[PDB]
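8 protein chains.
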Amino acid sequence: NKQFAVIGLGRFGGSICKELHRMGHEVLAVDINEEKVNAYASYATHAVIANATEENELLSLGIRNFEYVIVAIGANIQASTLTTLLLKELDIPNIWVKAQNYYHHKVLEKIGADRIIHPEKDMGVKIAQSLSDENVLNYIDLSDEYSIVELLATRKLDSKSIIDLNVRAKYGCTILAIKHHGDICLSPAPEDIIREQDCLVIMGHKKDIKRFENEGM
Amino acid sequence: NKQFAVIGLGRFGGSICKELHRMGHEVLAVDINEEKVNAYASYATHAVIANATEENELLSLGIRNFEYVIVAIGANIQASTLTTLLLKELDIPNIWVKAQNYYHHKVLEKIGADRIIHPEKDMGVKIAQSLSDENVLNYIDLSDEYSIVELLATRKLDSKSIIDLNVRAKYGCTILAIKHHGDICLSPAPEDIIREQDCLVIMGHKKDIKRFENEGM
Amino acid sequence: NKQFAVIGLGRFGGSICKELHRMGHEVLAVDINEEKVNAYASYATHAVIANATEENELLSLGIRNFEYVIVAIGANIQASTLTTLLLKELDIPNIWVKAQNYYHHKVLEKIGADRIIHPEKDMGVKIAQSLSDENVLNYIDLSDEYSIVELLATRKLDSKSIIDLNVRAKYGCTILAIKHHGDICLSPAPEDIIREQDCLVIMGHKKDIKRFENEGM
Amino acid sequence: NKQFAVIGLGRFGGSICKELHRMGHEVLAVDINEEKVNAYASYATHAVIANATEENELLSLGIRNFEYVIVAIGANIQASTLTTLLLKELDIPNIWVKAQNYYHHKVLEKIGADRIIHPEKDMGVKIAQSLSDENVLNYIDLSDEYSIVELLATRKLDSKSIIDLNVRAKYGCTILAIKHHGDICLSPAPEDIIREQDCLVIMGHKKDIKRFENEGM
Amino acid sequence: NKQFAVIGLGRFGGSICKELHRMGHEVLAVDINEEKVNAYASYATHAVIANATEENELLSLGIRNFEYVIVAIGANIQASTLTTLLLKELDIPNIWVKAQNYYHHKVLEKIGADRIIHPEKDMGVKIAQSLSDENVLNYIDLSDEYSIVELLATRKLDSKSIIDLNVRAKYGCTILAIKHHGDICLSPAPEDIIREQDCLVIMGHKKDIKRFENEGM
Amino acid sequence: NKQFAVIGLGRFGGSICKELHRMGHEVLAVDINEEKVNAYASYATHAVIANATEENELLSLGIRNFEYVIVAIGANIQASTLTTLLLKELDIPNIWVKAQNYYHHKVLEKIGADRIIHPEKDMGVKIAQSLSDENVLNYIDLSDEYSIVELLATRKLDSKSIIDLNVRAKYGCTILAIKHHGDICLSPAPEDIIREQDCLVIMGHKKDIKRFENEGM
Amino acid sequence: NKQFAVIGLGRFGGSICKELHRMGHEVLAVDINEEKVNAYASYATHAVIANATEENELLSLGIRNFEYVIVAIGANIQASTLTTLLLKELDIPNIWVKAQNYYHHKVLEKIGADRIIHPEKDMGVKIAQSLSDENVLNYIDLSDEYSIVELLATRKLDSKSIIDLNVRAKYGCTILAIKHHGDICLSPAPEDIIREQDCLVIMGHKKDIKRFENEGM
Amino acid sequence: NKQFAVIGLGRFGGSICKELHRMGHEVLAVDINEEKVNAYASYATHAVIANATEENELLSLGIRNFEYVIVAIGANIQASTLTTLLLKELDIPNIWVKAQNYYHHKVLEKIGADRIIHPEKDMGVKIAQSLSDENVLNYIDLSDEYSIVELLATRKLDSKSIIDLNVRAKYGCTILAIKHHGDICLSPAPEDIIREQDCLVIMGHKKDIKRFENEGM
Ligand SMILES: Nc1ncnc2c1ncn2[C@@H]1O[C@H](COP(=O)(O)OP(=O)(O)OP(=O)(O)O)[C@@H](O)[C@H]1O
Ligand SMILES: Nc1ncnc2c1ncn2[C@@H]1O[C@H](COP(=O)(O)OP(=O)(O)OP(=O)(O)O)[C@@H](O)[C@H]1O
Ligand SMILES: Nc1ncnc2c1ncn2[C@@H]1O[C@H](COP(=O)(O)OP(=O)(O)OP(=O)(O)O)[C@@H](O)[C@H]1O
Ligand SMILES: Nc1ncnc2c1ncn2[C@@H]1O[C@H](COP(=O)(O)OP(=O)(O)OP(=O)(O)O)[C@@H](O)[C@H]1O
Ligand SMILES: Nc1ncnc2c1ncn2[C@@H]1O[C@H](COP(=O)(O)OP(=O)(O)OP(=O)(O)O)[C@@H](O)[C@H]1O
Ligand SMILES: Nc1ncnc2c1ncn2[C@@H]1O[C@H](COP(=O)(O)OP(=O)(O)OP(=O)(O)O)[C@@H](O)[C@H]1O
Ligand SMILES: Nc1ncnc2c1ncn2[C@@H]1O[C@H](COP(=O)(O)OP(=O)(O)OP(=O)(O)O)[C@@H](O)[C@H]1O
Ligand SMILES: Nc1ncnc2c1ncn2[C@@H]1O[C@H](COP(=O)(O)OP(=O)(O)OP(=O)(O)O)[C@@H](O)[C@H]1O
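Residue numbers (the authors' numbering), protein chains in the order written: chain Y, 6 to 222; chain W, 6 to 222; chain H, 6 to 222; chain P, 6 to 222; chain E, 6 to 222; chain Z, 6 to 222; chain A, 6 to 222; chain F, 6 to 222.
Each hint should be verified, as a subset may be incorrect.
[As the list claims (entries may be wrong)] Away from chain Y, derived, C-beta distances all over 10 Å, residues of chain F:
{"no.": "1", "residue": "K7"}
{"no.": "2", "residue": "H51"}
{"no.": "3", "residue": "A55"}
{"no.": "4", "residue": "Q83"}
{"no.": "5", "residue": "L87"}
{"no.": "6", "residue": "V112"}
{"no.": "7", "residue": "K115"}
{"no.": "8", "residue": "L157"}
{"no.": "9", "residue": "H185"}
{"no.": "10", "residue": "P193"}
{"no.": "11", "residue": "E196"}
{"no.": "12", "residue": "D197"}
{"no.": "13", "residue": "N219"}
[Said to hold, decoys possible] Simulated pairs of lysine-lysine, BS3-like, Cα-Cα distance not exceeding 30 Å:
{"no.": "14", "chain 1": "Y", "residue 1": "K175", "chain 2": "Y", "residue 2": "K7"}
{"no.": "15", "chain 1": "F", "residue 1": "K184", "chain 2": "F", "residue 2": "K165"}
{"no.": "16", "chain 1": "Z", "residue 1": "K211", "chain 2": "E", "residue 2": "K215"}
{"no.": "17", "chain 1": "Y", "residue 1": "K215", "chain 2": "W", "residue 2": "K184"}
[To be verified] Now the in silico label distances, taken between C-beta atoms and shown as ranges:
{"no.": "18", "chain 1": "Y", "residue 1": "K115", "chain 2": "F", "residue 2": "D146", "range": "46 to 52 Å"}
{"no.": "19", "chain 1": "A", "residue 1": "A194", "chain 2": "F", "residue 2": "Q202", "range": "33 to 39 Å"}
{"no.": "20", "chain 1": "W", "residue 1": "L95", "chain 2": "P", "residue 2": "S137", "range": "39 to 45 Å"}
{"no.": "21", "chain 1": "F", "residue 1": "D127", "chain 2": "Z", "residue 2": "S148", "range": "38 to 44 Å"}
{"no.": "22", "chain 1": "H", "residue 1": "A174", "chain 2": "E", "residue 2": "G117", "range": "38 to 44 Å"}
Don't read these hints as lab results, they were simulated from the structure.
Built from N, CA and C at the ideal position, the CB exists for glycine as well.
Just chain Y, with the same shape it has in the complex:
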């Protein structure tokens, strides 16, 4: 009975609730707009019209029952701030809030929100990376310098071996996976071929990988 309540059904909030529901958790959907509540009614355990800045409505939902509450209101700063503050004063263990700008972040930080999230901003960065470097499909940064990257293989690697493309010595990186025709190879061994348009998961330093990307592929 770990209960989640998602306040604000926007694209971000909507997705969290829709997803949490798919996982088979208990989720309460909360939105001031009636139509939204109708929309996500299928995708939550309970859907309720509520003005989340209004304390008595908030109490009527039985919000003190929830371990996690998500304020997925990032356009209306005042609604967002007021709801978060209410939840803090109502002693909610985890208050996760969508933030709009650096300033909205600060107030939320100050009023005691447990996690502040910038979904647009973060993906903006991620896509910009993929934009400049048309080779990066996906990735994850380990630290400021070290990073795991998923790469779409060019024709300058078609049918080449792991040992052929020596990266652990030649480029200081390690290869972790190949994905060919949907089939997946993990921690692939020294003799393994890589074909054009496969998925390649290289791990190392950011600059090291980009080096490899230059002369390698």
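Dock chains W, H, P, E, Z, A and F with the ligands against the given chain Y, drawing on the hints supplied.
Chains W, H, P, E, Z, A and F with the ligands in isolation, oriented as in the chain Y frame:
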């Protein structure tokens, strides 16, 4: 270098432009809202007030020249749609568009957008995984079943060795990295220690990692 | 049981439904504005308030029953586009859509509308023809060059014969009908008189007719 | 040549002005919306921003000089009405006005408009005929009962001769034209062939043509 | 059973109905605004919310029963015009309409309104007369030259006689009434005194009276 | 001559200014609406854009100089009230204000307006008298009971003599004027004829005139 | 049964009613906005939605029962004025009204409001005093010159005696109270210590106190 | 001298600025509304149009220099909040903010405002005391129980001596001042007379003063 046009300086569009500019690419920042143009003036090569649905304004920007055009308008479907169409007829190589819902996705597809992105939806899914599992700090899905996961170490893992935690045989998963106090250990050998509250990077099957999480940590 | 549904009750949509009803077909009238639905309630088999961009409402009407659906929404491009797309995905055989401008035409074309109609634009042309040439009551173009025209006869034709006004040799046109005092003569024979203010239906080349209009009448 | 003023650059008004200009007549394009004036600047002799209900602006345009004035305002009854009245008192020869509904028609009639047009309504009727009868591509009504119709030929008509299809005796109707692959056959002789998917132009009584359609094609 | 219906409850319309009711006539109060209908509910025989431009509502009131209908809508020209036209077509014997400007007068005149009234304009004149000439309390014009005026008497007439102030010979006017301390004297005889601040009713030529006003009072 | 300020160029205010200007008095026309200032520019000595509630603007107009100030604002109570107060504190001799309702009258009274006018209300009463009695063209009430009335002559009065119609004895009323075909007969002698459709001017008691109307005409 | 009614529930009005209720008086809460009425429903004897400018609603509340009525509407001048006037005419003994500016004060004064209050303006002054003089916690003016002030004691008074800080001779002021650690001493005697950060209540001339504030503390 | 910035020229903010300026301190008057800047131009050292939430505008005002900044925005929570935060990060010594409700208070507290004021609420309490007790003209609370009160003398107190009214023993309270006809008697001796309608200033316990009021006056 590479020429990029970012039409619509939202929170998502704005990040792309800000980030790409930090990478030092030629970025044209376009918005109909004057104050947005004024806001991102420091973070672009050229920031211009334009109505991106108005064709003559689009030629006045000289958009035909650009390799990549990003429509970061995702609230106003009509603006988004109408612009993408304009850019298509104008023979732009790569048109990447921010989408709002499944149907706005569909029209973009049908008018031939090159890449459609749902930043909020995708991020929603990500955070939702992090919500039901407090241990996962981050992750990347290699495929429907296989995934590389970043985990926050608990007390059950303090002073534990890689050989002690036999993931490679017991769980079919492999550890890739350990982050201790900001210091970073890549593709670490079996003698190495994991201290609590550190970043642990495991790789394997989804159901297999969850298995490790349960009995392991 | 060929069923027609007319979505959007404007002047154009309204007329289609009002007319189709007069013919004794089955017609469903659909408009988001309640008053419109009340208006055309007499002139349809069934009149229903619906927001046609909303799929569940659209399904509740039982729209999959209709062989022909007409989206007579030309001011609101976004409502028009979204409805058409919905209907395409719901596998409607014939989707006829009112278009507003060249661009709205294109998107509709791309999303797979079966016939795009520009009722204002077309009549604008037709009347402009009648405007310059005060003699043309009505007409129909056969091709870019050839055209059937209905003409109001001047005093320079009063009581003249078919043979007198020889057009098949002298002007390369053929006369098809005279309409005098409401009485109608078809394929009128060589001796037939034509009186002032009668209706004359000439068939030929566009330039040929205008020639006739100059020296003839 | 002839002087025309088109007040109200709608989709209907706009077409008149665009078309008349292609014919090379002197067309004054008037609208209260600046952006409309800007849009049709290429398609007129003089395009002016004016409030057509304001009398002094109407003298500043010098409208008394024009032979033909077209009020293409059909949404805003008050603007339409008030303007027509202004033009009447200003002794304009021909005032043609776009009408919205039967009552807006009535006032225009009563304030002495010279020609009232319902472009959407009329076109609605036309398309509706085409809807119930997929064969009719176009048509012109000579009177309440007699009409010239353009038909799309089916398989039942392929390789058929004009003498084979005796319309002149069997159905009281006469064929006027055949269009094959863009090529055009006018007032064709009895030996001529009709191939499927061609344009066929028949003339007669309405009920008679429908009769031919039924058993013939 | 002479029935009156007052459509439009403004200051002017409201007063007509309120007054007609006081006289003990049958009056129907009609206004689109519900509150107005509530207001005049006491002051009419029947008060009904109706949109007077809507024919079926108009028919539901049973408007064809009324000998006199008053359209007391002078701000909204379009509502006024449309209602009047409706009433004309519904064959109402007397249609009295409040007009706003010279143009609104003309259309009403043309569509066949039986009496057009300019309540503001008329009183504006009347008060302006009283303004310049602080002596004129009230008056009524007989023709362009001849006029009956009510006058407040100065100290230069206090205790003077009818014969003393000879106006029928000296000024070509005739005196008709004196009103002293509320008591009224009619066709007052040659010996009658007039005191300061009495009411004096002089009849004659406009210029004649003003002459009297100069040297007399 | 005399200085007048007309604040608020309504239909009522506008008439005062237009009329007073025709009389050739110095009239200052003030309105907050620019287009009103532009409209009455021809009909005043000085027409100025001003917010009459703003004190400094009121000194910039130099209103202290004027003998008469007319507040012809009767829809906007707050504007009306606030202005009148401003003018009072500014020691203006005569403040005449247009009032909307009984309570707006009351405040004006209490803030010391010199004359309060209800043009619509008063005119409403007048026309209402004319409605129930088609014979009364015009009138003036001398007091609660005594009144001078202008009557439209019927068939019952055609070719009738003043001596024949003994009003002075039979009805206690006196005839004052006869208007025949525009020609005017003042204080007419007993031999004089009244022809039908002429203006008749009777004087007496209200109930007495109605009495004459009934049996007389 | 001294009844109070608070019309207008703003911050000021709300506080009056909330407070009067705490005291255990009978209070009627009145606001046009429904939500406000719901808000103060707990904090009044009776809470009622009413438009206070509407007389019949006002009468339905039974407003003639109240000894005191408070019009706590200071933003909307017209609503405030109209309500006050209504209450005057309904013969309410005490009409206390919140005023917005000097002008709104005047009209209220003129229409006979019993007390006019400027809550913002007054506190603005009070705080500005505390602002310049960081030593003044609170105070009360006796007249234009004489004033009782509460003062926060500096380190230049820590552990000093009443006789030590002789003010009745040295500065012409008298000390009335010390407040130390919450404990209160009144009319404190000559030997009494004063510690840093205590509360000191000095009484005298305004200039006298400020003198003391300079060399004393 | 001391530098003060008053952001938001409300009725409360406006008074602070007007008063502080009368005291002759350097006051910067900031508002987003141009007309407010224009209004208080006479009552400040520098009056500037600025959006106080916009950071660059805040540096353009040079706000870092000021010792005291007052946020007198209390309707617009978001503006208020966002500004206070800006000023905090900009290291301003004293930030005094006007608050609207308990929750707007809370955020200000949490973002570290130095003093939060509720001018309406506080004043509401004050007047409410004056309402239930017509005798109290003014007062100051020394603590929860002890208070100095200004009283309006009744008939029961006329010609009464300080010794006659033994408050110091009978009621535990002490009289501090008597105001007679504007003349002022400070810390008055026992022989002194109180005449009716004078200001009386008593000091003691709250319940004790009420006791005196009951039996005394
Ligand atoms: N006080 C409130 N109580 C409950 N729901 C609210 C409240 N205020 C806003 N919402 C809802 O929460 C959602 C928040 O999304 P919003 O419109 O603020 O933009 P956004 O967060 O940038 O959108 P997205 O989540 O797609 O990025 C909306 O559906 C809105 O109706
Ligand atoms: N026709 C247009 N031409 C240029 N810019 C436009 C046009 N229409 C919208 N924009 C801009 O594009 C941006 C798109 O953001 P929008 O407000 O539409 O919602 P959103 O994309 O969901 O927001 P976010 O990116 O923050 O999630 C806005 O900054 C807007 O000013
Ligand atoms: N989503 C919707 N669902 C159903 N009906 C709609 C929807 N959107 C608009 N309509 C209706 O369809 C009609 C469409 O006409 P619209 O106002 O778009 O201008 P128009 O098509 O140019 O007018 P006309 O048909 O006279 O040329 C309107 O009556 C409108 O109320
Ligand atoms: N007083 C006026 N003076 C000049 N132009 C005007 C005036 N009023 C309206 N217009 C213009 O006339 C045009 C009339 O089109 P409108 O938007 O009224 O509906 P419509 O005529 O039904 O549209 P459509 O012609 O596309 O069917 C508009 O472009 C409008 O800007
Ligand atoms: N279509 C309609 N049907 C019925 N009543 C209407 C309609 N349109 C307007 N009214 C009402 O009739 C009244 C007409 O007054 P309006 O607001 O037009 O200004 P006005 O005539 O200048 O005012 P006044 O009569 O005081 O001079 C209003 O009360 C309005 O609510
Ligand atoms: N503060 C102001 N200063 C100057 N002029 C104003 C102000 N407020 C209103 N006006 C003008 O005064 C006129 C008053 O007419 P309003 O529209 O208020 O209704 P009304 O007096 O009932 O109309 P009417 O006189 O036609 O019956 C308007 O022309 C308006 O522009
Ligand atoms: N006619 C009316 N009848 C009853 N209540 C009203 C009326 N008009 C306004 N109110 C209410 O009274 C209150 C008055 O506050 P208002 O919004 O006028 O600003 P304010 O008085 O400056 O606010 P505050 O009292 O906080 O200083 C509001 O809650 C409003 O809803
Ligand atoms: N971002 C901003 N920058 C500068 N000034 C602002 C800003 N936002 C609001 N203001 C101004 O601050 C003032 C604050 O008053 P507001 O109207 O918000 O209500 P209030 O403070 O309750 O009013 P009052 O002080 O009269 O009780 C207004 O004059 C407003 O124009």
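To see whether the hints hold, each was checked on the structure:
Every CB of chain Y is more than 10 Å from the CB of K7/F (nearest about 29 Å), matching its label as outside the interface. With a least beta-carbon separation of about 26 Å from chain Y, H51/F lies farther than 10 Å from that chain, consistent with its non-interface assignment. For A55/F, the shortest C-beta to C-beta distance to chain Y comes to about 17 Å, beyond the 10 Å cut-off, and the non-interface label holds. Not every beta carbon of chain Y lies more than 10 Å from that of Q83/F, the smallest distance being close to 4 Å; the non-interface claim is violated.
Against chain Y, the non-interface label of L87/F is violated: not every CB pair exceeds 10 Å, the least being about 6 Å. Not every beta carbon of chain Y lies more than 10 Å from that of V112/F, the smallest distance being close to 6 Å; the non-interface claim is violated. Residue-level check failed: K115/F sits 5 Å from the nearest beta carbon of chain Y, not beyond 10 Å. Its beta-carbon lying about 42 Å from the closest one in chain Y, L157/F satisfies the requirement of being farther than 10 Å from that chain.
Against chain Y, the non-interface label of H185/F holds: every CB pair exceeds 10 Å, the least being about 53 Å. The claim that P193/F lies off the interface holds: its Cβ sits roughly 51 Å from the closest Cβ of chain Y, which is beyond the 10 Å cut-off. Non-interface call for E196/F relative to chain Y: holds, since the shortest CB-CB distance, roughly 59 Å, exceeds 10 Å. Chain Y leaves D197/F outside its interface by the beta-carbon criterion, the shortest separation being 55 Å against a cut-off of 10 Å.
Its beta-carbon lying about 41 Å from the closest one in chain Y, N219/F satisfies the requirement of being farther than 10 Å from that chain. Of the pairs offered as hints, the one joining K175/Y and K7/Y is violated, with about 50 Å between alpha carbons and a cut-off of 30 Å exceeded. For the hint pairing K184/F with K165/F, the CA-to-CA distance comes to about 14 Å; that is within 30 Å, so the pair holds. Between the alpha carbons of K211/Z and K215/E the distance comes to roughly 29 Å, so the proposed pair stays at or under 30 Å and holds.
Distance check on the hinted pair: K215/Y and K184/W sit about 22 Å apart at the alpha-carbon level, within 30 Å; holds. Between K115/Y and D146/F the beta carbons are some 32 Å apart, a value that contradicts the proposed interval 46 to 52 Å. Between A194/A and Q202/F the CB atoms are about 34 Å apart, so this pair conforms to the stated range of 33 to 39 Å. At roughly 41 Å, the beta-carbon separation of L95/W and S137/P lies within the given 39 to 45 Å, and the hint holds.
For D127/F and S148/Z, the Cβ-Cβ distance of about 60 Å falls outside the hinted range of 38 to 44 Å, so the restraint is violated. Taken as a hint, the range 38 to 44 Å is violated for the pair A174/H and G117/E, whose Cβ atoms sit roughly 55 Å apart.
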